[PDB]
Amino acid sequence: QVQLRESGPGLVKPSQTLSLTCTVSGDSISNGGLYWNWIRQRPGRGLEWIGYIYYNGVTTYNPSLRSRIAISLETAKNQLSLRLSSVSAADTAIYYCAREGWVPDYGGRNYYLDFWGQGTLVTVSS
Amino acid sequence: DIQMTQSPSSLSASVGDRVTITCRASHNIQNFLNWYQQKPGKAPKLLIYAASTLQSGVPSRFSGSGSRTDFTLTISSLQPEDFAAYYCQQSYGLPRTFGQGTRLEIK
Amino acid sequence: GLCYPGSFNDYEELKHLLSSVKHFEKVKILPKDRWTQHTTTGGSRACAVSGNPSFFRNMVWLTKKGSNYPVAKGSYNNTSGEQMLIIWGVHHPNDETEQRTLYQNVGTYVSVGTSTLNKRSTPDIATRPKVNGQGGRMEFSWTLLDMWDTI
Amino acid sequence: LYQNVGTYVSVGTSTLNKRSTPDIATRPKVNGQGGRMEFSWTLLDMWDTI
Amino acid sequence: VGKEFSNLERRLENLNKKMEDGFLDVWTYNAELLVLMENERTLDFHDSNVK
Ligand SMILES: *[C@@H]1O[C@H](CO)[C@@H](O[C@@H]2O[C@H](CO)[C@@H](O)[C@H](O)[C@H]2NC(C)=O)[C@H](O)[C@H]1NC(C)=O
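Chains as they are written, first to last, in PDB author numbering: chain E, 1 to 35, 35A to 35B, 36 to 82, 82A to 82C, 83 to 100, 100A to 100H, 101 to 113; chain G, 1 to 107; chain A, 95 to 125, 125A to 125B, 126 to 243; chain B, 194 to 243; chain C, 395 to 445.
Worth flagging that the hints you see were computed from the coordinates, not collected in a lab.
It is possible that part of the hints are untrue.
Straight-line alpha carbon distances no greater than 27 Å define the calculated DSS-like cross-link-like pairs of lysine-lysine that follow [what the hints assert, rightly or not]: (1) G:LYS42 / E:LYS13; (2) A:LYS122 / C:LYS411; (3) C:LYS397 / A:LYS165; (4) A:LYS222 / B:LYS211; (5) A:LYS156 / A:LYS211; (6) A:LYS109 / B:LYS211; (7) G:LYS42 / E:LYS75; (8) A:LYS122 / A:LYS109; (9) C:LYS412 / A:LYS109; (10) C:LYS445 / A:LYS109; (11) C:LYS412 / C:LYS397; (12) C:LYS445 / A:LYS116; (13) A:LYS222 / A:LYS165; (14) C:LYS397 / C:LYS411; (15) B:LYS222 / A:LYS211.
Away from chain E, derived, C-beta distances all over 12 Å, residues of chain G [to be verified]: (16) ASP1; (17) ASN28; (18) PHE62; (19) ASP70; (20) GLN90; (21) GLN100; (22) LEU104.
Computed spacing ranges between beta-carbons, pair by pair [as the list claims (entries may be wrong)]: (23) C:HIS440 / E:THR73: 33 to 41 Å; (24) A:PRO221 / C:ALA425: 55 to 63 Å; (25) A:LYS109 / B:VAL204: 21 to 29 Å; (26) E:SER83 / A:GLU174: 47 to 55 Å; (27) G:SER14 / A:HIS110: 20 to 28 Å; (28) E:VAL2 / G:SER60: 36 to 44 Å; (29) C:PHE399 / A:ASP125B: 53 to 61 Å; (30) B:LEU236 / G:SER77: 53 to 61 Å; (31) C:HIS440 / E:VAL2: 34 to 42 Å.
All residues carry an ideal CB built from backbone N, CA and C; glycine is no exception.
Construct the entire structure; sequences and hints are all you get.
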């Protein structure tokens, strides 16, 4: 039932802002009480977590991007977005959005990513 | 934050063989390890969550177990279809991290 | 168990640790042939095999060589690929006479450490009841040396 | 009280092995005394010698 | 509720954890069992009252 779809500019020039939008379908973004995540893969390299937003505006980020990243959501459209400033060659990657579910456990809620979108490629070049 | 070391970097095994891939955490991640299967061209699929529970729809040939700082992914009866990079995810803290990815080739 | 009368510190704690171990790879860390300044061939009747005095097979009882006991030193950087279990101990003679014929030095100590371990022990030289024919005791201790750490 | 200063007390059995030394130091007075006395105990098993 | 233990207190840490997990299982069991037993009786209660 739950699907995540993504879109964006495709091409970003160096020193510009990268902006991607994920549309959530079949899962109300504001009611589930789940966390929404951004993840990416640079060529060659493995999965890197970017950050997440709660159903409300509480947002956390991967500290390596603390000077460059912002995440937000629009409840009205069931959409998530990612914004990265000062984009460079290192930011070329397949970007993915994902839903974070959980298992109640002995140590507290045990989180995992079940639904992933197809993702999209962003190329940074001159 | 908590770093994840995944090993082997790559595997090669025949159809019908059983293999293992392991995760080692730099800290105690208390049963909060998830395993993912990434086939080329696709977003990673969840196989195992909370160390040993299979995700619905995951073939019974997949299993795993572990405890603080050390977990294992076991894949028995490997089929031609089980070609993927496998990844270690640590859900214990907020700045969630992943291991390097093990590349398993099937013969 | 202990062929040479003794004690093992945090023994119950080690046995607990072993409930999380399925396999050990025994690794030579400090080959006994490196102790060029010490006798590495000692032993006792209590551990004897077929009448020949002997000792524990994975450990080196370091005693005086010639007329002295140079400070014994050694270390290991744990490049084995995983956390390692290291066991060592301290001899406790039942008389000053025994301390002197084994080590020359009497006011001795054993000092061991890692990035997290910091211990210093001294021998207790005293009369005790005989166990397995010996009035002496040997005390064992252990630590886990973490990865890339040095003991 | 003892003449000797660098003293020790050594006690043992087939299972007990302890050595203690005195701690000579200024402490607050309790019951009029600035001194302290430390007690220890062991169970001596049957036919064992302390 | 939370307690910290040193690396030489694994036996005690495990005892503490087992205790807490044990009580969680007992109370989770009691909470779920009570809800299920009561829901069965609640529905029987209502059908009984209409009858
Ligand atoms: C113990 O071995 C490790 C591995 O060779 C040494 O650590 C490396 O030190 C160099 C600098 O000389 C770094 O560039 C490497 O990244 C380090 N590797 C690792 C895995 O940390 C370590 O220095 C050695 N030991 C001691 C006690 O000095």
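Here is what the structure says about each hint:
1. Distance hint between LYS42 of chain G and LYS13 of chain E is fulfilled; the C-alpha atoms sit about 26 Å from each other, no more than 27 Å.
2. Using a Cα cut-off of 27 Å, the hinted pair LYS122 of chain A and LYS411 of chain C is violated, with the two alpha carbons roughly 36 Å apart.
3. The straight-line distance between the Cα atoms of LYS397 of chain C and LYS165 of chain A is roughly 39 Å, outside the 27 Å bound, and the hint therefore fails.
4. About 16 Å separates the Cα atoms of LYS222 of chain A and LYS211 of chain B, which keeps this hinted pair within 27 Å; it holds.
5. Note on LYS156 of chain A and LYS211 of chain A: the hinted pairing holds, with a Cα-Cα distance of about 23 Å set against a maximum of 27 Å.
6. Proposed proximity of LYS109 of chain A and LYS211 of chain B is supported: the alpha carbons are some 24 Å apart, at most 27 Å.
7. Pair hint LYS42 of chain G plus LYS75 of chain E holds up; C-alpha atoms about 26 Å apart against a cutoff of 27 Å.
8. For the given pair, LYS122 of chain A sits about 22 Å from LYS109 of chain A by alpha-carbon distance, which is consistent with the 27 Å threshold.
9. Pair hint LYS412 of chain C plus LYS109 of chain A holds up; C-alpha atoms about 18 Å apart against a cutoff of 27 Å.
10. The hinted pair formed by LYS445 of chain C and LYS109 of chain A fails the criterion: a straight-line CA distance of about 64 Å is larger than 27 Å.
11. Annotation: proposed proximity of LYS412 of chain C to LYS397 of chain C holds, straight-line Cα distance about 13 Å (limit 27 Å).
12. Straight-line distance between C-alpha atoms of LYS445 of chain C and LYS116 of chain A comes to about 63 Å, which puts the hinted pair past the 27 Å bound.
13. Our distance criterion of 27 Å between C-alpha atoms is broken by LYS222 of chain A and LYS165 of chain A, whose separation comes to about 32 Å.
14. Between the alpha carbons of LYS397 of chain C and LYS411 of chain C the distance comes to roughly 10 Å, so the proposed pair stays at or under 27 Å and holds.
15. The suggested pairing of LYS222 of chain B with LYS211 of chain A is violated, with an alpha-carbon distance near 34 Å, which exceeds 27 Å.
16. Not every C-beta of chain E lies more than 12 Å from that of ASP1 of chain G, the closest at about 8 Å, which undercuts listing it as non-interface.
17. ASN28 of chain G, annotated as away from the interface, has a beta carbon of chain E within 12 Å; the closest lies near 10 Å.
18. The claim that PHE62 of chain G is not at the interface with chain E holds, since no C-beta of that chain comes within 12 Å of its own (minimum 15 Å).
19. For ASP70 of chain G, the non-interface assignment is confirmed: its Cβ lies about 16 Å from the closest Cβ of chain E, beyond the 12 Å cut-off.
20. With a least beta-carbon separation of about 10 Å from chain E, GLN90 of chain G fails to lie farther than 12 Å from that chain, contradicting its non-interface assignment.
21. Chain E draws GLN100 of chain G into its interface by the beta-carbon criterion, the shortest separation being 5 Å against a cut-off of 12 Å.
22. No Cβ of chain E approaches the Cβ of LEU104 of chain G within 12 Å, the least distance being about 14 Å, so the stated non-interface status holds.
23. The hinted range of 33 to 41 Å is satisfied by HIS440 of chain C and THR73 of chain E, whose Cβ atoms lie roughly 39 Å apart.
24. Here the CB-CB span from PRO221 of chain A to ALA425 of chain C is close to 58 Å, well matched to the stated 55 to 63 Å.
25. For the hinted restraint 21 to 29 Å between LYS109 of chain A and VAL204 of chain B, the CB-CB distance of approximately 27 Å keeps it satisfied.
26. For the pair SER83 of chain E and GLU174 of chain A, the supplied restraint of 47 to 55 Å is violated, since their beta-carbon distance comes to about 38 Å.
27. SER14 of chain G and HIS110 of chain A have their C-beta atoms about 40 Å apart, which leaves the hinted 20 to 28 Å range violated.
28. As the Cβ distance of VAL2 of chain E to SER60 of chain G is approximately 24 Å, the hint placing it in 36 to 44 Å is violated.
29. Checked against the hint of 53 to 61 Å, the C-beta distance between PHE399 of chain C and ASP125B of chain A comes to roughly 41 Å, which is inconsistent with it.
30. Evaluation of the 53 to 61 Å hint for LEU236 of chain B and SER77 of chain G yields a pass: the beta carbon distance comes to about 59 Å.
31. Taking the beta carbon of each, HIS440 of chain C and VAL2 of chain E are about 36 Å apart, inside 34 to 42 Å as hinted.
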